[PDB]
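K.L.:
Listed below are the residues making up each chain.
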Amino acid sequence: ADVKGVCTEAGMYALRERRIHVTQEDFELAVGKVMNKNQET
Amino acid sequence: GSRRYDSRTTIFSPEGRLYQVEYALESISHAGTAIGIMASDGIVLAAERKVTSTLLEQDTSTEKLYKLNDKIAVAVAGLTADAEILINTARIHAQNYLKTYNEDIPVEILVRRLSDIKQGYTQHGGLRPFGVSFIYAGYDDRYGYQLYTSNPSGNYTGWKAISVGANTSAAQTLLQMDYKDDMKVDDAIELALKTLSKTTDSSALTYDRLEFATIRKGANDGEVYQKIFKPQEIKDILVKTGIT
Amino acid sequence: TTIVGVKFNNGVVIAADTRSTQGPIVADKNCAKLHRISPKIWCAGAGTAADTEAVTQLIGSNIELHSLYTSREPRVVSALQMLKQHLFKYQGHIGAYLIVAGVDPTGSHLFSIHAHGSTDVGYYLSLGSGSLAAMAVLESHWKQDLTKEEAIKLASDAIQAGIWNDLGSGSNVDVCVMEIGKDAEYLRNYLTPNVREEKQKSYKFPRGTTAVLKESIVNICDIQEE
Amino acid sequence: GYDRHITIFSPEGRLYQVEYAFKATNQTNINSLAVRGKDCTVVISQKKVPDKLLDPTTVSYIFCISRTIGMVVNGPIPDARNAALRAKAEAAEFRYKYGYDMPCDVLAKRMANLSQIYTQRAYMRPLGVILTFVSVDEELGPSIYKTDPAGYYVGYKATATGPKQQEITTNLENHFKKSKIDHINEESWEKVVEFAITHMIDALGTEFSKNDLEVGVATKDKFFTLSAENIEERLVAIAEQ
Amino acid sequence: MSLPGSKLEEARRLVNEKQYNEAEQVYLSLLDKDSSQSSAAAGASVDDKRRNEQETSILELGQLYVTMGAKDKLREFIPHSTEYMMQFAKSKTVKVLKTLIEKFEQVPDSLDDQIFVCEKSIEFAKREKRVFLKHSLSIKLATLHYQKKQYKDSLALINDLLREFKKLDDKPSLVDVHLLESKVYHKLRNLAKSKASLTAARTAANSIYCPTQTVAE
Amino acid sequence: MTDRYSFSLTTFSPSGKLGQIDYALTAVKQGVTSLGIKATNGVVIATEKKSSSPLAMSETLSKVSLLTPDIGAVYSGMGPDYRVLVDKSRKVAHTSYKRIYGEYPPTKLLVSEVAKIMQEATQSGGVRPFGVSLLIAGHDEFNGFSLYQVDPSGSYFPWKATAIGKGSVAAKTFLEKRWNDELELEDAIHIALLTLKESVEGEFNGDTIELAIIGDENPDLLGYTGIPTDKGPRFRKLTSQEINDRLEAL
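Protein chains in written order, with UniProt numbering: chain A, 356 to 396; chain B, 2 to 245; chain C, 30 to 255; chain D, 11 to 251; chain E, 1 to 217; chain F, 1 to 250.
Be aware that a few hints might be false.
[To be verified] No more than 25 Å apart at the CA atoms, straight line, and that leaves these computed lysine-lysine pairs for PhoX-like:
id, chain 1, residue 1, chain 2, residue 2
1, E, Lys129, F, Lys160
2, F, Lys237, B, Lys51
3, C, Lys211, F, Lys231
4, E, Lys18, E, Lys92
5, A, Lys388, E, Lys103
6, F, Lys116, B, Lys68
7, F, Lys237, D, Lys119
8, D, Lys174, F, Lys50
9, F, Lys197, E, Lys167
10, E, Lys103, E, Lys7
11, A, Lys392, F, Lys177
12, E, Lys92, F, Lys231
[As the list claims (entries may be wrong)] Far from chain F, some chain B residues (derived; all Cβ distances over 10 Å):
id, residue
13, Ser3
14, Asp71
15, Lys72
16, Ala82
17, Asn103
18, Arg113
19, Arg114
20, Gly127
21, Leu128
22, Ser154
23, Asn168
24, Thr200
25, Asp237
[Said to hold, decoys possible] FRET-style restraints, in silico, Cβ to Cβ:
id, chain 1, residue 1, chain 2, residue 2, range
26, B, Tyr144, C, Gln253, 20 to 28 Å
27, B, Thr245, E, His186, 23 to 31 Å
28, C, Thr135, F, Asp87, 24 to 32 Å
Calculated directly from the structure, the hints in this document are not laboratory data. Positions of the beta carbon are idealized from the N, C-alpha and C atoms, including for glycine.
With the hints as constraints, model all of the structure from the sequences given.
P.N.:
What follows is the structure in structure tokens.
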């Protein structure tokens with residue numbers, strides 16, 4: 356279930372830029388947020 | 002049965018086992034795996050380590066690898082703190098026989114004394130037993146090489162190859178399948194490294210996470226040679242055995 | 030054995046010889062009899078040397094324990110107090126003779142203890158077999174309120190009087206200068222009467238002058254434990 | 011549950027019994043004020059006024075442990091006398107093994123460890139009092155060490171206890187920031203005692219008479235306690251300003 | 001005197017008293033003239049006790065070169081300090097090189113010399129040491145392009161810099177990087193890239209506290 | 001006088017580990033963040049002092065004590081239990097060594113005796129275990145520089161760089177990336193000031209920071225030199241005023 360959290364964060368950074376594409380810079384930012392959300396709470 | 006009563010060491014369970022003892026080996030199984038191997042030309046001892054941190058120095062410190070005397074060399078599997086008193090007490094008793102009789106102590110004299118120490122906490126007093134797995138590798142002329150295993154019990158059992166700690170049933174299966182009646186020293190080193198590789202979740206099996214100490218008379222140039230091997234030499238052994 | 034010390038305005042200085050004799054035969058040519066209590070407090074032993082090193086090590090351990098536990102350097106009386114109680118407990122069994130000398134933030138103090146258990150206080154104190162000969166020097170040429178230089182020359186002549194008189198006193202002189210507010214200055218081999226004289230004939234025995242029955246090789250290097 | 015009554019660690023890893031030792035400290039509700047001056051130490055503690063059937067002179071929260079040494083205790087009074095005898099015994103035995111006046115920093119270490127031994131023992135209970143030791147040290151001068159009942163000790167510029175301690179600590183905190191010094195001017199110890207009374211009344215908001223307070227005084231090579239006439243004399247000069 | 005700090009303070013007051021030429025000759029005398037003791041690697045003097053006050057005199061010389069018009073020779077004096085790093089402070093040009101650019105902020109300096117000291121010396125004193133520490137003056141590189149009013153080459157660098165600066169070197173350093181990134185698109189009249197860079201900078205600013213020179217901005 | 005089971009050391013966790021160890025590490029996990037680093041030419045240890053009341057004096061509370069000045073010490077654990085442990089550690093180090101060998105105790109032997117003190121609290125019933133986490137940093141002539149970490153569980157392990165406290169999880173990663181084996185004592189002091197600052201950034205000055213290092217033998221710290229052979233104290237505590245001098249240059 357936590358794998359889909361990366362899928363949600365993959366589109367989270369793309370939503371702030373209003374971009375429908377995901378480049379290599381978004382994958383590094385998506386995994387960094389999930390590792391913090393998994394350890395929190 | 003219905004209620005679980007664990008209070009005092011005198012209280013006995015309907016299963017006949019003290020509930021304080023139920024967690025003795027389960028705490029040892031929670032620690033690293035220590036596998037002793039008794040061969041014809043010597044005894045090979047190999048054990049891993051519980052600490053997973055890289056900043057810790059594993060070269061100059063041996064957690065599970067200790068030396069009681071020039072002959073008997075054991076391996077402590079269990080709580081490291083609670084075993085520190087029984088180890089020094091073993092060294093005191095080992096010197097007591099050497100002081101009075103002016104002779105090196107065999108394995109049986111040392112095990113019988115350390116056996117009553119474990120029972121001393123469970124028999125009298127409201128103290129707790131300290132769970133420790135002792136793997137005794139000694140030297141004897143009468144019986145040859147001797148290998149024993151002491152649980153937090155007060156009894157001893159002879160074993161050709163013993164495995165304690167994590168993956169006890171998993172590592173013992175690998176030992177009985179590859180066991181050889183000849184059992185050379187170099188073969189005992191390979192069976193020790195290949196067994197710890199499958200039990201440990203780490204597939205790389207780095208040299209610093211293993212304790213390699215071999216008691217053997219079959220060393221180079223046909224002589225009796227005893228050494229405590231540093232991790233620097235362990236890395237070269239993992240390459241020769243095909244682990245790395 | 031002669032132990033002499035003298036106070037002054039800025040502290041106290043103590044001196045002792047290097048000659049330690051056991052019985053009629055001289056044991057050591059140069060042996061330091063001055064043992065440390067605290068960095069600023071020194072004590073020199075007389076009489077039985079073993080009882081000196083045994084008591085100073087045991088009592089000095091708790092005194093060094095008292096220094097760091099209290100975050101303050103102990104006084105001079107502290108070294109004397111636990112030293113006097115240790116000798117009185119055995120009712121004069123330990124024959125250790127010590128001189129308590131040191132500096133503390135309070136001032137300069139000098140004390141002497143005996144095997145019988147009685148302490149003493151005074152400006153200058155002597156101890157040892159040469160205490161009878163060394164006391165006479167301090168009763169004549171001494172003057173009140175000596176300087177740092179005048180206290181060193183007086184302590185040197187006090188030990189020198191026992192060198193040519195007392196049989197147990199001789200060899201070199203070890204002077205330890207202790208000044209309040211500054212570092213303790215210990216002078217090793219201060220007063221040297223003479224050195225080792227060369228013999229009239231050199232003695233050198235070549236190889237082969239002594240017969241050898243058997244020869245064995247003992248290896249002191251690392252040996253196999255098995 | 012049982013985790014509160016056990017001496018060993020709790021499920022939170024924090025002992026509740028150590029916290030319960032401070033519950034008895036507020037029973038008397040005494041506000042103590044002690045400051046560190048230049049050459050002297052002024053200690054003022056509230057003296058509860060009972061009915062006419064009791065002697066207010068015999069009631070005191072300040073006891074003399076040794077020469078120049080004094081202690082004020084805020085907490086259970088019957089538990090204080092048991093702790094007072096322990097400090098007096100260690101004071102005389104210290105001089106027999108050494109021979110110099112026992113400093114306050116070391117006296118705070120001995121009583122903290124002995125009170126801490128009670129925390130480790132399963133029979134002896136910890137002391138539920140507050141140990142505040144005051145004296146004039148030779149090298150360090152005036153010093154105040156407040157020993158916690160669990161064996162912790164640290165020095166304070168101005169100590170405060172009771173439920174109103176927040177009024178005393180804050181009012182004396184800004185006073186030390188203006189002068190930027192922990193000491194107090196007017197080296198003469200007569201007016202230093204009067205300086206602590208004015209700061210205590212303004213912080214508590216209530217002027218207390220000679221029978222509502224007790225004033226300890228620690229001087230060089232002397233220790234005493236002001237009587238009813240001496241405390242009343244202090245309020246006379248304070249009234250004129 | 002015969003002291004590195006005595007002759008330095010003596011020549012400090014000689015600027016207004018007589019002339020600035022006499023002050024520069026004293027600072028240069030503490031380098032090449034005499035001053036030989038023990039052994040070290042410097043290139044002017046030899047001692048381990050003279051290394052501290054000689055780098056301070058360089059800050060006084062570099063300040064006089066920019067004011068009096070000698071700054072043209074100063075740009076080549078900075079890379080010559082690499083030989084001093086083999087002894088003084090065990091490399092670590094941050095005590096020297098970072099303070100040399102700091103003098104350009106207090107005393108106005110031309111944009112040609114300010115940028116040249118960042119382009120020519122871009123690899124600081126060593127190959128291995130600056131792999132981790134390259135981010136120190138890399139932020140001030142894009143800062144000088146603001147006064148240059150050229151946002152082309154400055155923005156082209158940041159695009160490649162943001163990839164390697166995310167949790168690979170210094171985590172709070174991005175707060176200053178994304179802060180200056182908003183100023184690039186600010187003069188370009190781009191609201192989308194300016195709001196996105198400032199929001200990510202303020203959100204990440206909650207995990208650290210900068211001494212008043214960032215949060216205030 | 002013995003009352004029933006009062007020596008009972010029965011408490012155990014279902015996982016098999018001692019429950020007193022987990023509750024001891026939990027309290028230290030919330031405590032103030034300490035650290036230490038063993039470099040090539042020296043060893044540095046640093047910790048943040050306790051504020052509590054604003055009128056408290058920092059000179060009274062000392063989080064770095066002195067056993068014998070071949071070894072430094074720092075603790076992020078129990079405050080009161082440190083004073084009792086040091087008092088017992090010295091008496092054991094003096095009786096078992098100084099009353100025999102009459103010298104400075106070695107590092108390997110001293111750490112083994114401190115581990116027994118924490119064990120005797122766990123072995124003897126009715127007494128709670130020591131909740132102190134000790135960092136023992138010393139320099140000898142055999143092993144050279146040695147940095148040991150004594151956990152409240154009673155076991156010790158060597159560490160190149162380690163930290164204990166609230167930010168111990170974050171500082172463990174910081175010491176891996178920022179610090180390397182090739183860095184010397186001067187390089188480790190700057191890292192110790194940056195790592196400790198990242199824990200509590202409220203006050204970074206030297207008043208709330210206690211810094212001490214073990215360097216080369218200093219003849220001035222011993223107070224007397226009569227013997228050129230005797231080595232001076234290797235442990236030197238830095239003054240808070242000296243700490244602020246390195247903060248301005250950092």
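K.L.:
Could you run down the list of hints and mark each one as holding or not?
P.N.:
The hints, checked one at a time:
{"no.": "1", "hint": "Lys129(E) to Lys160(F)", "verdict": "21 Å, holds"}
{"no.": "2", "hint": "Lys237(F) to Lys51(B)", "verdict": "35 Å, violated"}
{"no.": "3", "hint": "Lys211(C) to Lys231(F)", "verdict": "19 Å, holds"}
{"no.": "4", "hint": "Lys18(E) to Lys92(E)", "verdict": "36 Å, violated"}
{"no.": "5", "hint": "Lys388(A) to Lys103(E)", "verdict": "40 Å, violated"}
{"no.": "6", "hint": "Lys116(F) to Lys68(B)", "verdict": "19 Å, holds"}
{"no.": "7", "hint": "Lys237(F) to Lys119(D)", "verdict": "22 Å, holds"}
{"no.": "8", "hint": "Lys174(D) to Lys50(F)", "verdict": "23 Å, holds"}
{"no.": "9", "hint": "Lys197(F) to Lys167(E)", "verdict": "19 Å, holds"}
{"no.": "10", "hint": "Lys103(E) to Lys7(E)", "verdict": "22 Å, holds"}
{"no.": "11", "hint": "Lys392(A) to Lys177(F)", "verdict": "23 Å, holds"}
{"no.": "12", "hint": "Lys92(E) to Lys231(F)", "verdict": "33 Å, violated"}
{"no.": "13", "hint": "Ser3", "verdict": "18 Å, holds"}
{"no.": "14", "hint": "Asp71", "verdict": "20 Å, holds"}
{"no.": "15", "hint": "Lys72", "verdict": "23 Å, holds"}
{"no.": "16", "hint": "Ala82", "verdict": "3 Å, violated"}
{"no.": "17", "hint": "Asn103", "verdict": "24 Å, holds"}
{"no.": "18", "hint": "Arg113", "verdict": "23 Å, holds"}
{"no.": "19", "hint": "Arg114", "verdict": "19 Å, holds"}
{"no.": "20", "hint": "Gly127", "verdict": "4 Å, violated"}
{"no.": "21", "hint": "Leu128", "verdict": "6 Å, violated"}
{"no.": "22", "hint": "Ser154", "verdict": "16 Å, holds"}
{"no.": "23", "hint": "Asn168", "verdict": "16 Å, holds"}
{"no.": "24", "hint": "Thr200", "verdict": "18 Å, holds"}
{"no.": "25", "hint": "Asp237", "verdict": "21 Å, holds"}
{"no.": "26", "hint": "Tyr144(B) to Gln253(C): 20 to 28 Å", "verdict": "21 Å, holds"}
{"no.": "27", "hint": "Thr245(B) to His186(E): 23 to 31 Å", "verdict": "55 Å, violated"}
{"no.": "28", "hint": "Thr135(C) to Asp87(F): 24 to 32 Å", "verdict": "26 Å, holds"}
Violated hints, listed in ascending order, are 2, 4, 5, 12, 16, 20, 21 and 27; each of the other numbered hints is respected by the structure.
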